[PDB]
Each structure stands twice: as structure tokens, then as C-alpha cells.
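Asks: Read off the chains here:
Number of protein chains: 2
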Amino acid sequence: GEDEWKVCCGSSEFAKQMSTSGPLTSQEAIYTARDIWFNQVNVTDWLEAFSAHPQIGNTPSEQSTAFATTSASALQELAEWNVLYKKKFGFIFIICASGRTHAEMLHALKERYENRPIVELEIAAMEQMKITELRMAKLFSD
Amino acid sequence: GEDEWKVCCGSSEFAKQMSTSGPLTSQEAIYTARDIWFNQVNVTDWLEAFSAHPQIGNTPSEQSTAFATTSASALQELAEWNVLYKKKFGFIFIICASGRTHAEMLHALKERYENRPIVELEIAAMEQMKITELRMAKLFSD
Ligand SMILES: NC(=O)N[C@H]1NC(=O)NC1=O
Ligand SMILES: NC(=O)N[C@H]1NC(=O)NC1=O
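Protein chains in written order, with the entry's author numbering: chain A, 6 to 65, 79 to 160; chain A', 6 to 65, 79 to 160. A prime marks a further copy of an entry chain.
Derived from the structure by calculation, the hints contain no laboratory data.
Wrong hints could be hidden among the right ones.
Since the list can't tell identical chains apart, any single copy or any two copies may satisfy a pair.
[Claimed, not checked] Pairs of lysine-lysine residues, derived as DSS-like cross-links and limited to a Cα-Cα distance of at most 27 Å, are as follows:
hint	residue 1	residue 2
1	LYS11	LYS128
2	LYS128	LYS21
3	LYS105	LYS21
4	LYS21	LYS106
5	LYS148	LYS106
6	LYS105	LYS128
7	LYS105	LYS156
8	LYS148	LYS11
9	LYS11	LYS156
10	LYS21	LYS11
11	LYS156	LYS104
12	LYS106	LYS156
13	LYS128	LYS156
14	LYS148	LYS128
15	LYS156	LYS21
Just chain A, with the same shape it has in the complex:
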């Protein structure tokens, strides 16, 4: 539909496989995206896509709500735990931000820090997919 998918998912492979898809509605596009993401792209592609995002607490818009409500204290712990999380899991903390505060997200990060690396990899994959779905609606609603 438009290889501007590298923006709608930092995964080159996902963008590629989507670029060559027989155009469909805004609904079928969602379903075809999830199947490719969850069953076709490999772990390496998931990692590329995660890296494309700014950490939670930095800027590069899903974070508008969090910034319209942030605090130096939240931005502080955040900048610190992001470092801790990257060291432990190998990729940055991924979460679909939106109506979320930096405080709630800092808490979700601390919480998730205690997961096994393999499980954090599944949760991030899911959070990434939600972000992608969110951005696809923005392309089809327009």
C-alpha cells in the first residue's frame, strides 16, 4: 500500500512483506499485519523494529499525554531504569504509550524488569504490534 511502513514498524522485513501485499481494506490490512508480524518475521526483525523507537522519556507523539503530564522525577527514574532494562534484556523497553503517563510506564517498566528475557521479548513484540496497529489506523482514517 506504500513502503512507508519502515515508519509504521521499524522492521525492514515487515515493511517489505507488506509492500507486496494485494491492497485490502483498513481491516484486512490489520489482520495481514499481525500474521506477518507474529508468524513470518524472525526475532532479528523484531529487534530491528524495537530499536527504531525513542525510549520512554525521550522524544524522537504516542507520548503526548505523558509529556503533557510528566515531571522531572518521572523523567529521571525513567532515564535510569531504561539503562538498566537495556543491559538486562538487550533491547529497549517497548510499550504502547498513549493515555499513559511516564509514571504508569515507569511502573510497568519496573514490573517487567523481573520477567525472563524470553518473555520480555514476547511482550515487547505485542506492544510493538499495538503501536503499529495504532499508526495504521492513522493512515487509513486519512
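Following the hints, put chain A' with the ligands in place on chain A, whose structure we already have.
Replies: Frame of chain A; chain A' with the ligands shown alone:
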């Protein structure tokens, strides 16, 4: 016990964390290895460790049985499907070889080819751990 663990697991992190472990029996060492492998090292470390191995059908000893029973035909499909598997999953096909034939392993590879990349990542992690356990016994039995 001896940072020669990079040989007993291509993971630098796993080797590191093990190098600084209060010496224990051949049994406690196994259990401490599994916990570190499954709950401490990240996906990136799993990937480093997989890469350290020769593909099934190539040489760099767990493969002695398979070579004492191989065939040009098995070595052929193998060399081909290994390429296909790497393309799809992002890492080579990992399996504890031993009393296994290239034929049985070629079949396990074709079978596993139909798994979701995330699941192949778990199976490889487990196969890798079995290989590691196998090699640790060889260090403590000596
Ligand atoms: N850190 C992190 O997950 N950032 C991503 N999440 C989101 O909603 N937008 C992003 O860029
Ligand atoms: N391909 C692959 O898993 N090779 C590994 N397995 C094993 O038993 N020894 C290896 O080096």
C-alpha cells in the same frame, strides 16, 4: 570453575556469569547453568551462542555418529535446508546431535521449519542447553 565456558556455550555472558560462581559439584553446576541460561542471559546472548556452532552437516564431535552413518544425499539436502532455515529464522538450525543421524536431523529440521520464529527460538535455546549439559558432564567426568 574455568572461563573455558565460551567453548562450553558460545555465550560470552553465560561464560562470564559462570566464571564467577562459587565452585560446586557436577550436579549443582548443571542446575546453576540452566537457571542462568533460561532466566539471566538475554536473547542476544542466545543468538551469540547458536552462531558458535557448525551447521548440522559440517564439521568445526556430537556429530560422530551422524558422520559414521552419513550419505552424500543427506549431506546434500542438509546443506540446502540449512540455508533455507537461516533465511527464515535468523540463526542456524540448532539441535543436540549424538546418536542422531543426518537423516533424522534433516527430518527434524524440515519439521521445525514450520514453527513460528519465536517458538523456534525456544527450542533452539533448549537444544543448546542440552549440548551444554552434555559438554559439562565431559569436564566433570574428567
Ligand atoms: N519506548 C517505546 O516503546 N517507544 C514507543 N512506544 C510508543 O508508543 N511510541 C514509541 O515510539
Ligand atoms: N547445528 C548444530 O546444532 N550444531 C551443534 N549441535 C551439536 O550437538 N554440536 C553442535 O556443534
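Asks: Check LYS156 against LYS104 for me: Cα-Cα at most 27 Å, and say if that holds within a copy, between copies, both or neither.
Replies: neither (30 Å within a copy, 35 Å between copies)
Asks: Please sort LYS105 with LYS21 into within, between, both or neither, judging by C-alpha distance up to 27 Å.
Replies: between (30 Å within a copy, 15 Å between copies)
Asks: Treating 27 Å as the Cα threshold, decide for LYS11 and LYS128: within, between, both or neither.
Replies: Classified as neither: same-chain Cα gap 29 Å, cross-chain 31 Å, threshold 27 Å.
Asks: Since the copies are identical, ignore which copy is meant and state whether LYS105 and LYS128 lie within 27 Å (CA to CA) inside a copy, between copies, both or neither.
Replies: Close inside one copy (14 Å), not across copies (35 Å); limit 27 Å.
Asks: At most 27 Å between alpha carbons: which applies to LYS156 and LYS21, within, between, both or neither?
Replies: within (20 Å within a copy, 46 Å between copies)
Asks: Within a copy, between copies, both or neither: where do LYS148 and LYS11 come within 27 Å Cα-Cα?
Replies: within (15 Å within a copy, 38 Å between copies)
Asks: Is the C-alpha distance from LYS148 to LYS128 at most 27 Å within one copy, between copies, in both cases, or in neither?
Replies: Only inside one copy: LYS148 and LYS128 sit 20 Å apart there, 32 Å across copies, limit 27 Å.
Asks: Which holds for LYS106 with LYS156 at a C-alpha limit of 27 Å: within a copy, between copies, both or neither?
Replies: neither (34 Å within a copy, 30 Å between copies)
Asks: Within a copy, between copies, both or neither: which one fits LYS21 and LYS106 at a CA-CA cutoff of 27 Å?
Replies: Classified as between: cross-chain Cα gap 14 Å, same-chain 30 Å, threshold 27 Å.
Asks: Can you tell me if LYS21 and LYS11 fall within 27 Å by alpha carbon in one copy, between copies, both or neither?
Replies: within (8 Å within a copy, 36 Å between copies)
Asks: Pop the pair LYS105 and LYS156 into one bin, within, between, both or neither, using alpha-carbon distances up to 27 Å.
Replies: Neither: 33 Å inside a copy, 32 Å across copies.
Asks: If the cut is 27 Å between Cα atoms, do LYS148 and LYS106 qualify within a copy, between copies, both or neither?
Replies: both (23 Å within a copy, 24 Å between copies)
The structure shown violates the earlier hints numbered 1, 7, 11, 12, 13.
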